[PDB]
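K.L.:
With the sequences and hints as input, model every part of the structure.
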Amino acid sequence: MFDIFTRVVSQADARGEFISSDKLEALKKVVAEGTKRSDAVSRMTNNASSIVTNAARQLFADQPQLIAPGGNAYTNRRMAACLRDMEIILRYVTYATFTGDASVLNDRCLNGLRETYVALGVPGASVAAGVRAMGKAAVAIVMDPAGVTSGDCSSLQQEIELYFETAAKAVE
Amino acid sequence: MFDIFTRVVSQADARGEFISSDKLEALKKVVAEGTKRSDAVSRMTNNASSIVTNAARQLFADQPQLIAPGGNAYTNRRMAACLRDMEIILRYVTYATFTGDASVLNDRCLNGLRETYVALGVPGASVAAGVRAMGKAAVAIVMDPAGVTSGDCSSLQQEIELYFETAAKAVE
Amino acid sequence: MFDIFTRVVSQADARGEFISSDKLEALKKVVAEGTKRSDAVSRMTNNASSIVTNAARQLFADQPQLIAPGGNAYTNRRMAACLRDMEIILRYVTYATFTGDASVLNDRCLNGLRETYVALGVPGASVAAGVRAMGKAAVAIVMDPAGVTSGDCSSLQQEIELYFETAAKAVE
Amino acid sequence: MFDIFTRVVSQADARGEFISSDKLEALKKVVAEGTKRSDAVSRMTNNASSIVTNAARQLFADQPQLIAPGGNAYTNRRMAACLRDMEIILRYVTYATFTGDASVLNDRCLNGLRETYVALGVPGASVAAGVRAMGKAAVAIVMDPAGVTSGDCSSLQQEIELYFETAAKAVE
Amino acid sequence: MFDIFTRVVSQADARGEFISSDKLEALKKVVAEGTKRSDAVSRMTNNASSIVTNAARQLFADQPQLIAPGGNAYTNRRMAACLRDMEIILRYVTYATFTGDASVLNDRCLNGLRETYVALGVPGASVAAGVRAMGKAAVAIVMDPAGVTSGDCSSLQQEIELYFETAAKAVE
Amino acid sequence: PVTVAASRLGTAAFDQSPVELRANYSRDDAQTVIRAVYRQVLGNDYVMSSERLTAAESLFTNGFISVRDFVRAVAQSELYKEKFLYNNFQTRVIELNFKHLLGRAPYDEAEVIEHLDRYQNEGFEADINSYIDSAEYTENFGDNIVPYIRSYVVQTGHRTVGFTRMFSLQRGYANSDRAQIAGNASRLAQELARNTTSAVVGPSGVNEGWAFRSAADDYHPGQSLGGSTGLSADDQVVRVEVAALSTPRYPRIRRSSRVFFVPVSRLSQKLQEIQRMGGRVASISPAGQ
Amino acid sequence: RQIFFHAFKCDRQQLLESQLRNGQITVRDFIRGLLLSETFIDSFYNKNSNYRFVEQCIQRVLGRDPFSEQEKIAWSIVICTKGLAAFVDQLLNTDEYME
Amino acid sequence: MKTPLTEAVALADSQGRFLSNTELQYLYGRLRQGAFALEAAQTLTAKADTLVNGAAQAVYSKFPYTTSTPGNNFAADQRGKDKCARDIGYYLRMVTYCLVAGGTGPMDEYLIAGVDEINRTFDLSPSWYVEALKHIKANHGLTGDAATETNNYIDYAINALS
Amino acid sequence: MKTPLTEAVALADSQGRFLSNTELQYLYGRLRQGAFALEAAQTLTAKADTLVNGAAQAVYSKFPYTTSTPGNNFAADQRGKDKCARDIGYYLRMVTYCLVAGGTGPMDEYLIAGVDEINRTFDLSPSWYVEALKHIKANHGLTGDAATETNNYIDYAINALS
Ligand SMILES: CCC1=C(C)/C(=C/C2=NC(=C\c3[nH]c(/C=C4\NC(=O)[C@H](C)[C@H]4CC)c(C)c3CCC(=O)O)/C(CCC(=O)O)=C2C)NC1=O
Ligand SMILES: CCC1=C(C)/C(=C/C2=NC(=C\c3[nH]c(/C=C4\NC(=O)[C@H](C)[C@H]4CC)c(C)c3CCC(=O)O)/C(CCC(=O)O)=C2C)NC1=O
Ligand SMILES: CCC1=C(C)/C(=C/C2=NC(=C\c3[nH]c(/C=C4\NC(=O)[C@H](C)[C@H]4CC)c(C)c3CCC(=O)O)/C(CCC(=O)O)=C2C)NC1=O
Ligand SMILES: CCC1=C(C)/C(=C/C2=NC(=C\c3[nH]c(/C=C4\NC(=O)[C@H](C)[C@H]4CC)c(C)c3CCC(=O)O)/C(CCC(=O)O)=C2C)NC1=O
Ligand SMILES: CCC1=C(C)/C(=C/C2=NC(=C\c3[nH]c(/C=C4\NC(=O)[C@H](C)[C@H]4CC)c(C)c3CCC(=O)O)/C(CCC(=O)O)=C2C)NC1=O
Ligand SMILES: CCC1=C(C)/C(=C/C2=NC(=C\c3[nH]c(/C=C4\NC(=O)[C@H](C)[C@H]4CC)c(C)c3CCC(=O)O)/C(CCC(=O)O)=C2C)NC1=O
Ligand SMILES: CCC1=C(C)/C(=C/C2=NC(=C\c3[nH]c(/C=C4\NC(=O)[C@H](C)[C@H]4CC)c(C)c3CCC(=O)O)/C(CCC(=O)O)=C2C)NC1=O
Ligand SMILES: CCC1=C(C)/C(=C/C2=NC(=C\c3[nH]c(/C=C4\NC(=O)[C@H](C)[C@H]4CC)c(C)c3CCC(=O)O)/C(CCC(=O)O)=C2C)NC1=O
Ligand SMILES: CCC1=C(C)/C(=C/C2=NC(=C\c3[nH]c(/C=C4\NC(=O)[C@H](C)[C@H]4CC)c(C)c3CCC(=O)O)/C(CCC(=O)O)=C2C)NC1=O
Ligand SMILES: CCC1=C(C)/C(=C/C2=NC(=C\c3[nH]c(/C=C4\NC(=O)[C@H](C)[C@H]4CC)c(C)c3CCC(=O)O)/C(CCC(=O)O)=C2C)NC1=O
Ligand SMILES: CCC1=C(C)/C(=C/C2=NC(=C\c3[nH]c(/C=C4\NC(=O)[C@H](C)[C@H]4CC)c(C)c3CCC(=O)O)/C(CCC(=O)O)=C2C)NC1=O
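If you read the sequences in order, they're chains A, B, C, D, E, F, G, H and I. UniProt numbering puts the last residue of the first sequence at 172; the count rises by one with no breaks. UniProt numbering puts the last residue of the second sequence at 172; the count rises by one with no breaks. UniProt numbering puts the last residue of the third sequence at 172; the count rises by one with no breaks. UniProt numbering puts the last residue of the fourth sequence at 172; the count rises by one with no breaks. UniProt numbering puts the last residue of the fifth sequence at 172; the count rises by one with no breaks. UniProt numbering puts the last residue of the sixth sequence at 290; the count rises by one with no breaks. UniProt numbering puts the last residue of the seventh sequence at 149; the count rises by one with no breaks. UniProt numbering puts the last residue of the eighth sequence at 162; the count rises by one with no breaks. UniProt numbering puts the last residue of the ninth sequence at 162; the count rises by one with no breaks.
Just so you know, the hints here were simulated from the structure itself, not pulled from any lab data. For every residue, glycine included, the Cβ atom is placed at its ideal position computed from N, Cα and C. A portion of the hints provided could be inaccurate.
Claimed, not checked - Cβ-to-Cβ under 8 Å is the rule here; a few derived chain D residues that face chain F:
id, residue
1, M1
2, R77
3, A81
4, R84
5, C109
6, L110
7, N111
8, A119
9, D144
10, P145
11, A170
P.N.:
Here is the structure:
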């Protein structure tokens, strides 16, 4: 549970001194691009149900063993729980790119859900591939310009792809 | 929370003696017609969602003030709660005609729900008319014979209409 | 049952001291505008039957479910009782703006009419909309000047609309 | 729990139509003066501990029976609870003038605390006089302007004194 | 509304048998000490106005908040009603120790007056302390013998203090 | 869930969602959860800083102690017994434990029977453990969730009696549990052993009829047996409960709050005569016919 | 005894007394039930003249003699215009009975 | 009723503290939002009736079976069309209410909270309402940041539907 | 750590929902705040050492007994002055940290949460720190809205002290 600003504050307090000037210029540029970070976050947020349905749509086209009887996502209840797990992961990705820090995504999902999927018998590979495909579709939905002023949102493509790869690797 | 048999047992214990013979012949006839009581109960149970939807369908055709804005069942959340209240009343009617005693229907709904509808601002008249129409449709659905051996169910229509009128009068 | 003056007297007695000077200047300005209050009251009072008939005229044009059979104001006796309820509410509004305090309006009808309309099955929404329309027509009738010297009646419109909104919200 | 905007929305939904134009001009003027409402609210908020200490300071100078042994606020624990009760009342006043509606102040304090002070044996008169003195000092602190750009804050004094008098009368 | 004798009669009728011998010896000792009770009662009765004036005299010396403006017994009319309430409580205490049963004191005061003092806003604590002080002064006035044949008032002191504590606890 | 009358029932105070303690909560989050636990278990009674039990409280913020176990620790603490067990009758203690530890009021008298036996057999500590370690508790909220009142919701397991008894147990957000109008006497047990619930009353600035209570002598069913047999009218009976009859003095009124069974045809006259007495109508409910 | 000097066993109303012992019925409603009772109407309203009946019932219910004949004349119109039930309703809710 | 000032008061109340600069930041942001949002709500109020009829016609166009088959859930008869353009106007009115309130609270309390069980009980496909909301968000004709947040509220309704 | 973005994420997480327009309103408001607040924090960083010495001298001026009486809580000796200007600089650094963070979170987590028991155990009067914060809020020399919210944070520290 950290912001960008609280991250700089905690680092400056662990140093024990005041915040240096170059960190303040970095935070000024962050305050200039923080809206840039988040208009896109808004265009990421508005299409979330389409994102998770298309992600499960491609995943269950790709791995039909999960839909097959005896598969892990075969049962209707389990399949609803699977879509719920995916939507939760996407929501915490949107939270982490809202606050601009991966510590919220770490705090809320990552440390426990790998052990949860081991204990449940959930294959971590399929949900890792699903989070990767969902992230690819999310950047693909975010990057296209439709009635919006031209912006630089590419570094933010850097950050969003970082968050999605962190989620996919912490899932494993 | 009483059966027919537990009702006779509690009455015989309050008398303090054994059960008299005529009560045992009455209970033998009850054991002969208890299946008769309940095959119909089964045909009442199988059409329950159709019963509550047709009941609300006729009620909101009849009183359009509830659907009108500012009405008590106007809001989508409140309308779902209204259908939930009706389905609960029908379910406890089916429980009371399962056990053959109105004490379960009394115990689970009646003593509190009148005060609940007063405190909520719920009009007791509309839900009373809805329970009456639902009961009329329930006996109408129960009485017709489709693929059932002919039998004398005269005791059942009397008892089911008794339970529905008890519910409608305790609602008020 | 309080005036403006008795309200200041009760507040000064609860304080336990004499009346402060600024309250006396406020009451002097009240005594200067009390006739001003009053002129608005008299032109409100003279058109009262037209106000309640036009209010019920617009209300029953607006909600024809009340006139429809089975409606709450359908029966001739009930419709006369409805016009009586509206005229009573208008009369106590005129009393409260006569005495310059809402405590008479609270005392007389506000405390027990919400529960009365719940217990009767009267829809509180329609009578709330009717009191709102009656108040809008009352300020509209008061604000036009016929045979009256130009003056500032703006303060009164504030107070009269306050009394009408208090009545409409206490009805609910 | 209502805003100004949610109040207009609930009234327009109970009417069942869209929002009329004059209400939108009123809300536009509210949006123009809403900052005006709240910069002062900020100057009310910053001096809150001084306000409650001066209010209890004048109150216990005024009524030494509460400090006297056997008095209601005599005991150290009870005196701390008294300052806590006063600070809570001031905080909910600041909340109500933040949201611009008295419904938050009603919801959070008013309906229960009169019965609470009756059941506790707390004299409602002293806390009513204390809330009145605290409100007088609060408007006196808000009206003065030091190192702030000038603006018309006159409308607010009306509203803040309304909220304080509503609190003092609901206490009784 | 019960005596001692009617209490034994009602208990013996609920038993359904005749009165046992030990109850008759108890009632014989009661008939021997009933005058003892009567003598104590008469010296309690003769000083009743002094008792209630000294009780209010110590109470309003003890809690000056009631005399303070805004207090519950502040107003002259309310203060006369307060002395009336105290005198009524003392009179029903004298009735209960006349008949030798607390059922008259219960019947005439207790079940309603707690709710009355809640609804009135009367602090139950002050009147409880006043009834306690009045009872202490009443036993103190009764126990001293001036120009009276020596007798044991001690059995009565138990009963009179019981009646006063029952009144003070039912007041609360 | 009670939205339209939430203003007048005080539900809109408690409309907010249940607080949740997370996997790795921050340091400040534990103090907010601690504030909610202290409020709900001690019934809005404020804790002084000296009585804060910081020794057991720090273990919560470490994470040694689950939120359910923190609720258990504050329930079995000594200051709890001084606030709630000691100055109360044991059915009132049982009702308060049902309010604090589960949220809902007890439904029947057989519910009181088990806990009352368990107190005498094993002590209040095992009684508290049986309240907290129930299937009802664990089902309705998790161990991490602070307990909240769940009455306005059906939640697929509530009887109707619980909603009406909850309003007798809770009187507004500002109200403190130790300090209520009934005081020491349990409100629910007289209602409970007869298995009859009363019409609920709100709090004041909402509605000034609070002052009404059902006194011990006179128990009124809320149902008119006559359907106006006694009232000798053909119209339907309502039940009108008035809280403070002030204007008639001592010789004229003996009780300030009482109920009346009025026909609808002469209801308006009854409202006028009762309002001239300064009486405040708590609630009007339909009685019969 | 106050409403109709002596009450025979057939004259007594099991309904009205039975409601009275619970608390559902107040004593002024018991007075109204005695007033609108058929045996009171038969003994008092049928035999007496209208003005004489108004006199008798005002004496019994209000507890006071009527002030003049003009008052009984004034009250006697309510009986026939609106029925005895509405007259009894108008007689019980006056200022004097309630005070 | 998730509106920003209400939830700021809820945060400050659940924390047990006074208001800080955080809520004032929330406030200058909310006033910045409302300064265009109120005029956009008035513009939607102006164009409302034609938008409702256009959404109903687009819904009949994409799903032509609902006009044809006999069924009380379908708008084949006239009362189906009255009720169904009524709930079109309901959706549009909730959009304007959330535009005034500044949050998704009014639609969340008046529409969303029971819509799933209602469409389950009444055999109403939510895709009809998704098509209507898509037509509204295409044809509302606003511009700029007001248009983007209007589309945000409509997309929120779409995601709450399916 | 009560900062606006953190508490917005906490609201959206405790509700169990995605982010809405409410949090974006919070965000454009927070960026509006930071757009002056960062430069104001840099200006306070510039004037910090002279402000600390002036606050310490004003505290010694208003409470002259602390310089005179022997006692390890009082700043009569030199180590008292080193430690005590150290906690002056602590207070000023927490003010700058809350100016950067945009909320009262850093002072609430680093100063406020234990200050009462510390001043109770160590015989430190909080009025000394109130006088120092009053001198700082008088002498910081900012202007405009940055100055008002700086005074807001300092007044918050004062109200948390006494
Ligand atoms: C395709 C990659 C891409 C993105 C994502 C992009 C977004 C983007 N949004 C912008 C502005 C903005 N975006 C918003 C959006 C909103 N504000 C709110 O409060 C509402 C809730 C919300 C709409 C629902 C606003 C208000 C602005 C202000 C500046 C402007 O009008 O463009 C700008 C202006 C230039 C800049 O920020 O540097 C950019 C770059 N530009 C790009 O090249
Ligand atoms: C839960 C699955 C289940 C069902 C459904 C069920 C029904 C059922 N209904 C029966 C009898 C019967 N059911 C009826 C019912 C009626 N006759 C009329 O003419 C009336 C209109 C109507 C009642 C309204 C009658 C009259 C009988 C005659 C035998 C008996 O009394 O049980 C019997 C007796 C045994 C048998 O038929 O083999 C069965 C099995 N038993 C089951 O195990
Ligand atoms: C001095 C203060 C005072 C008030 C406020 C009052 C209200 C009141 N309105 C009543 C009935 C009524 N009030 C209404 C009014 C309405 N119902 C509707 O459908 C509309 C929403 C609304 C028209 C505005 C109606 C129709 C009845 C008749 C109910 C009935 O007779 O069954 C009754 C029942 C007894 C009777 O009218 O004859 C009372 C006591 N009585 C009072 O003494
Ligand atoms: C019962 C018989 C009676 C009447 C009718 C009456 C009216 C009346 N209206 C007055 C004033 C006034 N009346 C008005 C009324 C208005 N001005 C506007 O522009 C508004 C549209 C309108 C209110 C809606 C105003 C503005 C004044 C100015 C003086 C004052 O405040 O009283 C005064 C002050 C004394 C005077 O005029 O000589 C009188 C006499 N006085 C009486 O004794
Ligand atoms: C939370 C941090 C914060 C503060 C403190 C703040 C205050 C603040 N007060 C303002 C305006 C103002 N403030 C006042 C206040 C008053 N004028 C008087 O003469 C009265 C005595 C007094 C009210 C009692 C006035 C009159 C204005 C004029 C501009 C406006 O209407 O906003 C403005 C408008 C924009 C600006 O000044 O740059 C700001 C910034 N803004 C912030 O972001
Ligand atoms: C209704 C008018 C009336 C009164 C007042 C009355 C009182 C009364 N009290 C008596 C005795 C007595 N009264 C007392 C009373 C007490 N002694 C103590 O030391 C105690 C403090 C106190 C009781 C609290 C005693 C001890 C006796 C002794 C004789 C006996 O047992 O009756 C007697 C016995 C006969 C006689 O004295 O001639 C009388 C007459 N008799 C009457 O006809
Ligand atoms: C097990 C027995 C049981 C019953 C009977 C019961 C009733 C019950 N119905 C309620 C609400 C409701 N009940 C209704 C039903 C109706 N209102 C109308 O307009 C129509 C007249 C009628 C449809 C038949 C409605 C609309 C509400 C919603 C009130 C609200 O949410 O504000 C509530 C408030 C809390 C909530 O629903 O979520 C309860 C407790 N609860 C129970 O646990
Ligand atoms: C959120 C709204 C809210 C309010 C308003 C509230 C009031 C409240 N004030 C209380 C006590 C108190 N309130 C007071 C206050 C006063 N008594 C006096 O003598 C003065 C007249 C006045 C000072 C202004 C005192 C002295 C007590 C202590 C009673 C006691 O502890 O015995 C209690 C009893 C429990 C406890 O404090 O710890 C409650 C519930 N509680 C709430 O949750
Ligand atoms: C036969 C049994 C019986 C009892 C017990 C009784 C109590 C009673 N006390 C009352 C008032 C009162 N009772 C008190 C007494 C007190 N208040 C205080 O401040 C002190 C704590 C206490 C003095 C010991 C006061 C001051 C009032 C006046 C309330 C008022 O008039 O507003 C009232 C309201 C009507 C009126 O007095 O004129 C009743 C009914 N009435 C009865 O018929
Ligand atoms: C304010 C928020 C709100 C919404 C959204 C709402 C929807 C709503 N639509 C309903 C029915 C309906 N909804 C539709 C709508 C349609 N069917 C079609 O074929 C078309 C594609 C579509 C036209 C838009 C129709 C035709 C009905 C009547 C069918 C029925 O009996 O249940 C009902 C059941 C009430 C009734 O039966 O009359 C509700 C509660 N109610 C609300 O209070
Ligand atoms: C980052 C937030 C933070 C604060 C505020 C803080 C205060 C703080 N001040 C302390 C002592 C002290 N505080 C003072 C301060 C003063 N005494 C005076 O006479 C002057 C009026 C005033 C000068 C500002 C002094 C002289 C000491 C050393 C006294 C001691 O042994 O405890 C101590 C005990 C540690 C120690 O004994 O050295 C703490 C924890 N620590 C923190 O980590």
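K.L.:
For every hint, state whether the structure bears it out.
P.N.:
Status of each hint after checking the structure:
no.	hint	verdict
1	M1	holds (5 Å)
2	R77	holds (6 Å)
3	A81	holds (6 Å)
4	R84	holds (6 Å)
5	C109	holds (5 Å)
6	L110	holds (3 Å)
7	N111	holds (4 Å)
8	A119	holds (5 Å)
9	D144	violated (31 Å)
10	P145	violated (34 Å)
11	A170	holds (4 Å)
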